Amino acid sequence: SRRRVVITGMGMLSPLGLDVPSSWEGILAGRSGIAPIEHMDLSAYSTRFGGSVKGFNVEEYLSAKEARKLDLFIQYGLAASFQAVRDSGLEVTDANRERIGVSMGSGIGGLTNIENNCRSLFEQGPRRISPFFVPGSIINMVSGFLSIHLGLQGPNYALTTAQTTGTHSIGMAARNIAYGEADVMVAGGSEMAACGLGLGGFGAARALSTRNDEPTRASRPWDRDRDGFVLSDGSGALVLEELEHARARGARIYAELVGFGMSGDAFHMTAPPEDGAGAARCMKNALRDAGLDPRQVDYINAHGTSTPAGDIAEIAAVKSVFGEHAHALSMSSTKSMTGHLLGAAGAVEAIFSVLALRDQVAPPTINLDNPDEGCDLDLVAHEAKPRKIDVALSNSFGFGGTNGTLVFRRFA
């Protein structure tokens, strides 16, 4: 029968910090992680800025010899996973290693590595493709390499659901534990799509903000002057654990994961429906899963991408699901500060939702100078809002009309 699932460890790389606490301090201070990209010449690109991880030292985690064969998305996913496992205080033994698994996903995986091996193929030939190219680039190898480093022999998989990846990864890892397939899962996502193909590919869809002359103001969810999402890099990992397992070992419990929803829009390859119908179905699934009155929801970490159609669809979905209570909860987009970490967005935002519960504060939506038509909820404009939060919801939406919602609550 279905077991309860709690969060006992968290790990992060984001454009605001090389761990959770440093990232969270930036979130609560309303700091932007967005800046002109230094790692490549983007003069031919319509977008030349994003959320870079700054000063990442992979030799805090792995040998340079190993790190050199891994795409950055694997490096970031391992760093976040190592932090989460250490934060959990969990000891991996012969007695429990078969009951600990990992589900770390990515939207795009090792695009930098694929682009560099494509350059080798086209400028030289197949003889110059790295032997390490495939296992160093493909999405399942955060789960793979983490399991080899820590000796995790439980369920070992990866989701790829575009911008919903991190939320689905955490939800489905919780279902694994709920249903008895595991007692512990490391779950979340990682992304590093800031290469020529990533910036040029989102650029070709005209999906990205082009505010090159003011990058910190580019990401402006629900603002009338928003012009698309800001591409960001990083990772979030959470240790999910069966409640009685966590209680038995005296674990510090951050929060309980009480609800998970998935729904497909079945609307459009890339555009969300304006009325937010799929997001509304997804949130209702999640609230019914959690056995909640919708009025119990105090805080929503929105998807909040800073796209014209996405941001307004979310307002419509929240009004539809919550009715008059839509005016009492607080909803914010931390993408205002981090930008859009794509497959890692739902992982870092799940962490921000748990910390909103720990610290009783709604992170701000920075840059919300002029809320657009109908964006008249409490969107925590400009400054963090201390408040009562018993229940926090984290939403993600992605290409393919793929939706996820996570419901977290305080554990006493």
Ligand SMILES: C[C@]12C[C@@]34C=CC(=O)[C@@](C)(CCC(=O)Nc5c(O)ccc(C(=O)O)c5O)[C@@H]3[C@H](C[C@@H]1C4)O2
Contents of the next structure:
Number of protein chains: 2
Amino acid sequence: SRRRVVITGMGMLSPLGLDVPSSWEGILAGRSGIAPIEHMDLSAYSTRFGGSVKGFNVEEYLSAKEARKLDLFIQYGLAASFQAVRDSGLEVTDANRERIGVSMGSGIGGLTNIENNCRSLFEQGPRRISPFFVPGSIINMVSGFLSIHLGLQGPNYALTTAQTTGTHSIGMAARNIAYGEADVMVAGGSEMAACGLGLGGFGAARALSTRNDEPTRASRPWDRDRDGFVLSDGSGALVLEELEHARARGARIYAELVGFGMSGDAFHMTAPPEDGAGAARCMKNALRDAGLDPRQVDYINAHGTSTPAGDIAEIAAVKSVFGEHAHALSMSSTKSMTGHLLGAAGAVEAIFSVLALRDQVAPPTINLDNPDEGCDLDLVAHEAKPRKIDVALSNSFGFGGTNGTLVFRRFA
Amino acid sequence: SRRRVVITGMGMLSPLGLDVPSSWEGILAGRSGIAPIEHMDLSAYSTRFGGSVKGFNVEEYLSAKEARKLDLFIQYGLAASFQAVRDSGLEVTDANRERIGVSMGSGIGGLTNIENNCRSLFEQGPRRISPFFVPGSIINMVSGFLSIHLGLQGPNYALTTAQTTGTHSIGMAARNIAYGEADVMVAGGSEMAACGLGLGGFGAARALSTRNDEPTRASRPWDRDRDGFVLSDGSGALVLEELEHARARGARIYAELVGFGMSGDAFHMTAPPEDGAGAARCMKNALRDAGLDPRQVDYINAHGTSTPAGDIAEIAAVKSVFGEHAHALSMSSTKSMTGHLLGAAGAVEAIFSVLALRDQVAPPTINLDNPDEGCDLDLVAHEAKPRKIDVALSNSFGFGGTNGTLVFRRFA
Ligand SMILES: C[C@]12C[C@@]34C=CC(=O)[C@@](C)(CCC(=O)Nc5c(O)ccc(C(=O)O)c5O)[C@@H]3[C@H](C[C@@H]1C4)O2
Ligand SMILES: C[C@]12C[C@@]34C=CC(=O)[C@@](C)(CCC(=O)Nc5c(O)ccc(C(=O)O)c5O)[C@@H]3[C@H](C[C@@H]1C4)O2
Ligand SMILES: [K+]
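I have the form solved without the named molecule already, so could you send the form deposited with the named molecule bound?
Full complex below, order starting with the chain above.
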């Protein structure tokens, strides 16, 4: 029989902050983390801005030596993971190390380090490829390195489901606990795809905003003048824990993870169906998993990427799932502020959903000046809205038509 | 309480053949699939051979247009998937499409597409980056594209756990079925890392055999003169199916998937502990999952990568788990013949384990001329061995210390 799963620790790097509290302060203030990119020359690119992590100091977590062997996406994932475990208060011992695992994923992974080694290969030659190229670039090395540093011997894996990664990572980790394969999991996602191939690749697909003159206004989910997503970097990690395990050690419980849904659109490689039918199936799976009446959902943290086709598909899906209740719940996209953290989006947005529960407040959709046709729900335009929130749902969708939904609830 | 999971279809591309029967014929014959690499110039590299897929014809599966969008690892994964679905006889309909999902993974993913996009990027900037670069290179696109082509709407995801990927993919897919989230899953892995970055990266880590003079002798698991793994390419896919679902449509059942285990070494980024303690925990977890006493295991398809440290760690783990029964079972490494398919290794080796059950024969470890110190189990040296096999176990281990074990049994 299925065990209950709660959240006892969280950690983050985002364009708004180097930890959870600083990021969340930005969220509730409606602050943008988007700016012209400084770390490379994007003069030849159609998009020249995004959400960078500012002032990260890897040496708070790892030595210079260890850090230079690892791509930035790995460093970011480790930072968020270490923060979450610290936040949870958990002490790893021989008595529990086999019962604590890790599932930290990425969508794009080590593209940046691969691009740099590729430069070495072609400009210098093959003997300039790093000895640490493979372990420092592969997606599972967040889980790997975290387990090595903390001594975690339970299930150890990584998902890669593009922009759905972080949501799937958390949901599948919760299944491990619910079914008895672990008592504790560290789960989430990390990304740093701000390199030539990243900006260039998403740009070639015409998926990015090109509002170069006003980067903070670029990400504008459901607004009539939206023109694509804003690429952002960072990481999110949660400590998921079996309920009785948490209670026995006197852990602080932020919220309960009650539902997880998955689906496939089976429609198109890079676009959802106009009616968001796949997203609707995914949400219904998550609601049924949680044993809920859809009218119990108070807050939705949308995927809200600011693409023309994506944002309206999600409205359609929400209307299909919730009926008239779609007008009672609040739904917002925190990507309005953070931009799109790709494989880490679902992780940071899970955190934001948990914090919406702790603080009884719906984060805003900033930049929502003129809602587009049919976008007539309570989208929490401009300003955070204090309200009752007993149940929060968080959606992620990805290229390939891969969908995930998490459902969190206040714990008492 | 948990539903039973059986295998009803299989598909493969390997260095031994373009499908399962051809590959398996090679396995039973002790044939090597290793040769000098022909598709690129490795004259200045320290390793110039590996296991290539010979004569793959993508136009049996995809249009030229579709094929030009997709990295070779995705093409290979799709080929194996299409073969497995055909082999299963499953008819996808509106009545079942929400019950059929896909979990096909990769260890390193789109290295070749990245490498090809690199060259232009550094000489002439991002102008020539394809609009399909991102969807055609991300690891979840095997799952994505397969779902789109066949209309599969069930759980849709991808693992990336380096050399463990194929095993974890099959195991986690089995859980989806056992727990009622799907009735059918296509699962496995694919890889095509034979490029400058791949050969150069693994070569920089000093992980590859450099036996260029005798490529077919290079892969020699447990032999005293082994000197690293042999890099190979391909894919494996299984159709996993709930037992009653299979019975109701009169499916041919190859075998039952009874156990899945996972662990982490929490030891080192690129090496196992000398005693294989992580691998031992993983195998025990899989046996506990299956409700089997270690004395019930008849055949182990080892990870057997032909590395100095890897091979002996696995012997130690087997001795620890199985005690005196370690002397009764047979264990072999088919990587002696196929080389190391990385993220696809656990998929093709799951298939080989299923076929060992069908045909009651332990595949050989070829090249085992002089077993190393302590390598004194029945390692099926040189020649296939007909014997009773009721229970077959298959191990995969990966950089980061990530471990997976599958347990299959004859179905009557
Ligand atoms: C063929 C076209 C049609 C096109 C036209 C209008 C659009 O709006 C876009 C730009 C984006 C559609 C979309 O939102 N896809 C989408 C998705 O399915 C799942 C997740 C995300 C995410 O960012 O996490 C995402 O971005 C599409 C893309 C690129 C190209 C232009 O496909
Ligand atoms: C730092 C060192 C020490 C060194 C010394 C002797 C060795 O034998 C090797 C070559 C490989 C160890 C090993 O087997 N790792 C290993 C593993 O843990 C899991 C999976 C696989 C697989 O191939 O699927 C694998 O390859 C190691 C590697 C590279 C480098 C040289 O680490
Ligand atoms: K979300």
